[PDB]
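Novice: If you want the building blocks of each chain, they are given just below.
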Amino acid sequence: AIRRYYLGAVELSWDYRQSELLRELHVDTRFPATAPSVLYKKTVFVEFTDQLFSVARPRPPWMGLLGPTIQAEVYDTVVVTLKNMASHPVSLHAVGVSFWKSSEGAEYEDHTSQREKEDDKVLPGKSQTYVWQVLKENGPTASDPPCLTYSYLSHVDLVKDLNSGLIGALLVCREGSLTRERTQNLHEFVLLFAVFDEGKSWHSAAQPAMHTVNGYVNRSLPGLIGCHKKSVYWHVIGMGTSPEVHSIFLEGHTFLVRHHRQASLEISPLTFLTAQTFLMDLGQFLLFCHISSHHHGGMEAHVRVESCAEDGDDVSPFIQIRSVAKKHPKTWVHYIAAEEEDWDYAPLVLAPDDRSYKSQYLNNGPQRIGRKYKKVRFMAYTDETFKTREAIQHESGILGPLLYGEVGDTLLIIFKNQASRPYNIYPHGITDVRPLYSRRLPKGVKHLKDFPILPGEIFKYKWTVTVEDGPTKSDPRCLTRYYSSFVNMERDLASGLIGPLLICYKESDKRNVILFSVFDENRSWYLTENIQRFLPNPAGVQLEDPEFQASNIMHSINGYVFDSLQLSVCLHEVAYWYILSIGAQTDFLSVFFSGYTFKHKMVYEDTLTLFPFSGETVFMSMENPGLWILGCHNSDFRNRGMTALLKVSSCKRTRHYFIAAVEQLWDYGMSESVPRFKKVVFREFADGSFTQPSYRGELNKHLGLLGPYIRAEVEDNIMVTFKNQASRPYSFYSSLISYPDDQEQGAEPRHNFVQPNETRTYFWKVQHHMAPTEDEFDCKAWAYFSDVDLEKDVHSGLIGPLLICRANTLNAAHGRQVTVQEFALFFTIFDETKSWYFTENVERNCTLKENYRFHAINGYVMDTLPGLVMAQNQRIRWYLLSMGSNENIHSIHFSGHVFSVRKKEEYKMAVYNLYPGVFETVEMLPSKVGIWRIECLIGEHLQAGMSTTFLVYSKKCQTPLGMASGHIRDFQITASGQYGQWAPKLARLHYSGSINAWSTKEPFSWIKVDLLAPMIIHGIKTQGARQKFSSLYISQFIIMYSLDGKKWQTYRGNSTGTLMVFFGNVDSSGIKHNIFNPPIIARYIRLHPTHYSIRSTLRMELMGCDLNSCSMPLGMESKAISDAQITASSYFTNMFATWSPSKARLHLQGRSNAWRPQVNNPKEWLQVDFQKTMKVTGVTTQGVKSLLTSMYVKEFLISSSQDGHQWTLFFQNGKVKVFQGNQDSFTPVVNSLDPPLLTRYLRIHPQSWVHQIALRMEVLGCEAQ
Amino acid sequence: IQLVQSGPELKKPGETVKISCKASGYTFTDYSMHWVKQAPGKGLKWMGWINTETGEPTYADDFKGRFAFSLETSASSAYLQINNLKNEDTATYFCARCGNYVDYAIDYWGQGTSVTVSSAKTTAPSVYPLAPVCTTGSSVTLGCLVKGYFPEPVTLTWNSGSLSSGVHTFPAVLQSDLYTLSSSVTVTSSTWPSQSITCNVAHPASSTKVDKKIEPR
Amino acid sequence: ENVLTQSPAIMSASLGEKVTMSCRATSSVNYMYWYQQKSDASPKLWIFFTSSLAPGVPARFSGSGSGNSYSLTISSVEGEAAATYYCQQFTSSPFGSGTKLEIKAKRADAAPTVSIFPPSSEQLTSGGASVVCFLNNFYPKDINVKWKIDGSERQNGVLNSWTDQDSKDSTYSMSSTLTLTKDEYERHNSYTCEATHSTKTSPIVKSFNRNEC
Ligand SMILES: *[C@@H]1O[C@H](CO)[C@@H](O[C@@H]2O[C@H](CO)[C@@H](O[C@@H]3O[C@H](CO[C@H]4O[C@H](CO)[C@@H](O)[C@H](O)[C@@H]4O)[C@@H](O)[C@H](O[C@H]4O[C@H](CO)[C@@H](O)[C@H](O)[C@@H]4O)[C@@H]3O)[C@H](O)[C@H]2NC(C)=O)[C@H](O)[C@H]1NC(C)=O
Ligand SMILES: *[C@@H]1O[C@H](CO)[C@@H](O[C@@H]2O[C@H](CO)[C@@H](O)[C@H](O)[C@H]2NC(C)=O)[C@H](O)[C@H]1NC(C)=O
Ligand SMILES: *[C@@H]1O[C@H](CO)[C@@H](O)[C@H](O)[C@H]1NC(C)=O
Ligand SMILES: [Ca+2]
Ligand SMILES: [Cu+2]
Ligand SMILES: [Zn+2]
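Which chain is which? The protein sequence lines are A, B and C, in order. Numbering (the authors' numbering) for the first sequence: 1 to 35, 43 to 212, 228 to 332, 361 to 557, 568 to 711, 1693 to 1714, 1727 to 1899, 1911 to 2329. Numbering (the authors' numbering) for the second sequence: 2 to 135, 138 to 220. Under the authors' numbering, the very last position in the third sequence is 213; numbers go up by exactly one each time.
No lab work stands behind these hints: they were computed from the structure. By construction, the Cβ of each residue, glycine as well, lies at the ideal position given by its N, Cα and C atoms. Among the clues, some could well be false.
Derived, one-sided and incomplete: chain A residues facing chain B with beta-carbon distance under 7 Å [what the hints assert, rightly or not]:
#	residue
1	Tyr2105
2	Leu2107
3	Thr2114
4	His2152
Keeping only pairs whose Cα atoms sit at most 25 Å apart, straight-line, the calculated DSS-like set for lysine-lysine is [claimed, not checked]:
#	chain 1	residue 1	chain 2	residue 2
5	A	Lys2019	A	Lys2239
6	B	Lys215	C	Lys182
7	C	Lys38	B	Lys46
8	A	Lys1992	A	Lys2183
9	B	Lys43	C	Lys100
Ranges between beta-carbon positions, derived for each pair [claimed, not checked]:
#	chain 1	residue 1	chain 2	residue 2	range
10	A	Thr2038	C	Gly56	38 to 48 Å
11	A	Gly2057	B	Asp62	49 to 59 Å
12	A	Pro1746	B	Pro41	30 to 40 Å
13	C	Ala111	B	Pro14	43 to 53 Å
14	A	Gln609	B	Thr55	53 to 63 Å
15	A	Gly2044	B	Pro219	45 to 55 Å
16	A	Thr2038	B	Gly66	41 to 51 Å
17	A	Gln121	B	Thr55	35 to 45 Å
Assemble the whole structure, with the sequences as input and the hints as a guide.
Specialist: Below, the structure is given as structure tokens:
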């Protein structure tokens, strides 16, 4: 149930091409050879068999730069001894597991002891061990693979660490990995698609940037051997400190990440995906990057399946297919010509302007043809004459016939070329294609893909659909792939050849299609022939200028740019949507639908990401009349062409939210280090009488720059009255707005858009579709913003959370779910130069702008965000959201924490890649207690400041802060208004006498306590006093608190309204406990009396804890500690009773309710076993009063141990702290130990008492080791 | 603990005028502060406030473009420097506090200031002692009519804050470009002219002091 | 924009009568405050935080409420606490105080005490003088003051000036001062001053003549 590991760090030589260099464990005769090949310095992790770090275990070449692979399971432990032997210090942050702050790998605004901080930097020599828990919650879920992809690395400096090569491998399986893993089968190869950059490595001081796969560029990776007809598990771990992505294809295979078909393996910064694939073939294959930007010429490696010796249940394939139907697959009848025509990218043009964006790309002139171009399509014909065309249609131009096929069906694709050049026809995603009739190849044609059909040929292709290229019962009915030519991929693509492919399952029949294409006419074979025909001048010349190219990169929707495609669908009607992104593009498209919500991986989303050369299938229900545009979400597009609209048209209570849009002045980091800037936000208000912006506190203080929670269940209503302040006009769009069917006549473009200082109300019924699925969580996240300029005013500051809770779950008057502390995170980049309010930001007197880039979570930077505080064993529901441009592909990570997400199934994650626009919900429950960090794991974001700390605390650490005994010293107490000789220091609870509390005649009085340190606070015990007969006290009061000097804010916890009114005492002697679930974090705290009785008098005590939650009852009183762990030197044993050492529990009662030594003397003692190693901050002692004989211990020393024979007494100042104890039977006495001690066995020795030695106890402590 | 303001000024339609508000006996820098407007009619009209931790004031809506709020940390005081003083700026301006924290209210006040819209002179008064009608009863009434003075008022009492009871000091109706008030007191036939009642009328804007005693004819 | 309306305006009370005054406001607030101006004095804090009383107020006062309509109740009012009352709120900006509110106690009709005065020494050596006339301790402040000289009268020139409700008695007094020049005095004979109240049908008056006393 434990495993042992050893490891260090070493600097060496590495080249990215030739192997055999990663074996410097025995010196070789290779030093003369200092010739191109190219070499740098790189540093990595190195394994060692033993504990003296000299026996260097060898490694295989397929790993490459990967640190030694590490394994564990549930109910386990992991003991790893790191030792830096290189130059720079290294750490060891981990993901997926469980550690105790003594093992993190990063130091931040943690307010923690430095003993728990040396793990944050391991420096050369030395050692420093770590240990990880892999506890209950970290285990894998059901529909999860047998094992899960996680990792580790040094976190001392992210930008330099990952680019110097500090990285490793760390899978974690469940109880079920001990089995003899079939050594000639499973194999389980580990891959790293890392982007490396020596230009900001550790050691470097215009350097080269590199796309490697485990460290190998240009098809240089050996060692990849998997068996024949048996699958293999891909443990992919994307890196790259730069953002960017890698749409990764395997030459002739698909993938089985999760439960859906995947041609591409779309990775992004720090992804953690586990694919599976079947190796049905023999021979050698390639795995390359299919990005249009061929800087990625390195992301290519070699794969060879081979034969083996002699299918055990290891998630044996699950795409089961057989017979639940009736009819047979039909051989299909298709005739396709690749002939030539001319194309208008906007047959509905207009406006011959100049300043227009639609002039460069479209307006025909004497030197820019803009509008019409000569291309080459895939035309559909009815027979073999190829001289009668199948009815071509609008709303699917420039493209070829729809090509449909079930599993096992047959497609007879007959191809005739009627063009000036040889073109091909070839499908994607399908793994089975050969000529009809024959099996074998032409002449020297190693693979049919890139074989040209001559201008006149007639070739008979036979496509057949297997299963290992289709659905899984999980994904939608018909995944989407493409077909076109292959003899010149990029150019044939830009020439005009394109066509659709569909693979369905049985158990306008299939509707219309959409291709998002960047048609690069500038590489068409009909470039030098498009001039000689269309342009009025020949010797144009001088085209090397970068706006002749941007005069015809026709950013098109199908074959139509600038609102030229106008398809039509009625109301209520249901439409599948097969979407694709093929073209130049280079990157991914964040497509969206104005006022429409669609279903993706059987989940509901607002925006859908589209990788290059990636088919994604969706479907949406049409129940929103009007006229709706499309879009791209990714910046300079749309402007440049990509539009097309839709013209839909026809053929218990309610929750009220008064919202406006004001403009504050924001500063992201007053901490650390300052200019203050001007943005525009939303704020919850009170009335249309817009005077009282409802104050956001406690439950809404993490929000900061975000708009307010607008909560709503399903089947109720959502009224959004929205008045607009500000200067420029903005709006309120949701994609959940559902205007009723109004104004027939013709389809009207939806108005929205309110001029400043004007009001518009929104009122729509929440439908079931906006709600979360039965399979989903309790409350799905939705986006909402302003639709006036969805890019600029989004960098200005208008965004918020629209939450749709499900069923009768958002209860009470509070309008929250209350069973869960729910938070919202917003990972994006802010660039003030696009803001509407940037001109006025010349805030100085009288040139690179790199400090206007704010990598800001919720608008904070470098731990500056406060308001993240969650209960211990509570379930928390996080909401991650990414927006902006395509740089925002954030890898969200909670320091050491693991979370769960639901998309049809419930999987498990530690880092989330937040693709922009998509809004997904996650949940988690935290175990370890303290303050942790929330980061975006992208290297160049942590140092740019994208980070904030979040505290989890103890819900059962209540210790008197010190008002009583005097732990709270006398100078800490202050107040204004004091009447006369009723001093604020007399406010100590249970203190009577002549004068005995603190009063004040004055009206607006208060009283201040300084805790000297940022302390956690868990409640206030409020009393009063008596002057002869009149009971005086506080009947009603409210709370103030601060943190540094004068950032004072009120207490509005547990919603209620404006702020929480506390109820005071009622009598003199009577005590009142005003707890608060939502606790306070402060050090200065003031109380304000609102309704006294005669005079504001007060006798009090504060209930609190330290910032790391160490003052916990371990289990003495609550009987969580077993008696077999509680003994002594003896025990008063006889017949009247027995005072067993197991009877000395604080507050434990009985006729024999204590421990008593059989002989009284200053030698006796009592001992406690913990069976593990724990931390202790104090003891609490308590005597007993049997009969009329009071029995307690007046003084006691304390000694500690790790074993059971050797003891080290508790010292202080110079000698041993004689802890003074009880003076009565009842009242317990705390003695907070200082310093705290890490221990396993604890002893207590008396030195003096009363009558006879007797005691009950409870130990303030906390978990550790 | 008090708010000692300055005595009222006198200006012409549209100038520059600076008041004050010295503190009490506490830490002035921590606490907030308002100025108030109180016309000879309406109940109250708010002027504004200033977070006097380091000086960052605000304003109300009715009043814009012709006011000011400054600071003097030394003597713990706030100012009101009114420019472009239009004519209807004729009202009593005050001083507030609110406390140090939650919901700013009011704590103390002080004396006023108001000399708007002013046209005329200034001058010392004209103390005229009064006389009785001849002999009847033991419930005689006595006065101290003073008429002929501007910037109101004068230290008007009897023997300077001593033997004085049953008085009705009357509002000085403006007539017409100069104020005019009267005094009042009642005594029984066993007080005067034995207890030497001497009125006192000391002007403030001219430091004048005119005490004319009472005696019958 | 945050408007508070005071209800009622000014009421006719009674020395010991349960009387309340609201202060309803368009914009709704959470915490309310009240202030008393004792006849144009430097105002004073009286109720703070909705209902509780400040240090230094006869316990006969109270009042409360929440939201859109607050109130100020008094059990037994006395002429002492008879002055002006404004409500003021703090939930936004600006903090528009209420309109107006005042108290007039009970007590009963009070005949005016009468007295007339003559010119002075250095007074009649200044182009005239003044004939002063007083009405001290009466109720209610309803009133009428006119003059008569032998027969010829004069309505302009009277300097009438009421006071405010008192405390020891809640009675009202009033000043009056008309004058002319010197050749009105030694030349005209009589000199009378009237006081037609709602207590005495014919006014309680005094006598005349330029010579005599
Ligand atoms: C201010 O607002 C906060 C809201 O955050 C309130 O805090 C909640 O207070 C309630 C008490 O009123 C707490 O409720 C109790 O929680 C316990 C948790 O135990 C387990 O519960 C589920 C079981 O499925 C587990 O999933 C979970 O992980 C825990 O392990 C429960 O034990 C309690 O349940 C039952 O208790 C008694 C039995 O004695 C039953 O009679 C009850 O009917 C109930 O079924 C109970 O649910 C709650 O935990 C607090 N919130 C959080 C996040 O912990 C404050 O009360 C509120 N205060 C004020 C002044 O307004
Ligand atoms: C919203 O509209 C009101 C009404 O016009 C604005 O009030 C004006 O504010 C300016 C600013 O100083 C004044 O000069 C005008 O006198 C005001 N007009 C009226 C009729 O009172 C208000 O300022 C507007 N809000 C914003 C944020 O511009
Ligand atoms: C990889 O191939 C590219 C092709 O352009 C070349 O420029 C680069 O130098 C090569 N690198 C290695 C290590 O072979
Ligand atoms: Ca640490
Ligand atoms: Cu990021
Ligand atoms: Zn790549």
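Novice: Next step is simple, just say for each hint if it's right about the structure.
Specialist: How the hints compare with the structure:
no. : hint                             : result
1   : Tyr2105                          : 10 Å, violated
2   : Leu2107                          : 14 Å, violated
3   : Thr2114                          : 5 Å, holds
4   : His2152                          : 6 Å, holds
5   : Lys2019/A x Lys2239/A            : 18 Å, holds
6   : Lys215/B x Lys182/C              : 22 Å, holds
7   : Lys38/C x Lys46/B                : 18 Å, holds
8   : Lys1992/A x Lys2183/A            : 22 Å, holds
9   : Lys43/B x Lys100/C               : 7 Å, holds
10  : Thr2038/A x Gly56/C: 38 to 48 Å  : 25 Å, violated
11  : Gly2057/A x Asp62/B: 49 to 59 Å  : 55 Å, holds
12  : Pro1746/A x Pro41/B: 30 to 40 Å  : 36 Å, holds
13  : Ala111/C x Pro14/B: 43 to 53 Å   : 48 Å, holds
14  : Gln609/A x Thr55/B: 53 to 63 Å   : 57 Å, holds
15  : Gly2044/A x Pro219/B: 45 to 55 Å : 53 Å, holds
16  : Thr2038/A x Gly66/B: 41 to 51 Å  : 42 Å, holds
17  : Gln121/A x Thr55/B: 35 to 45 Å   : 36 Å, holds
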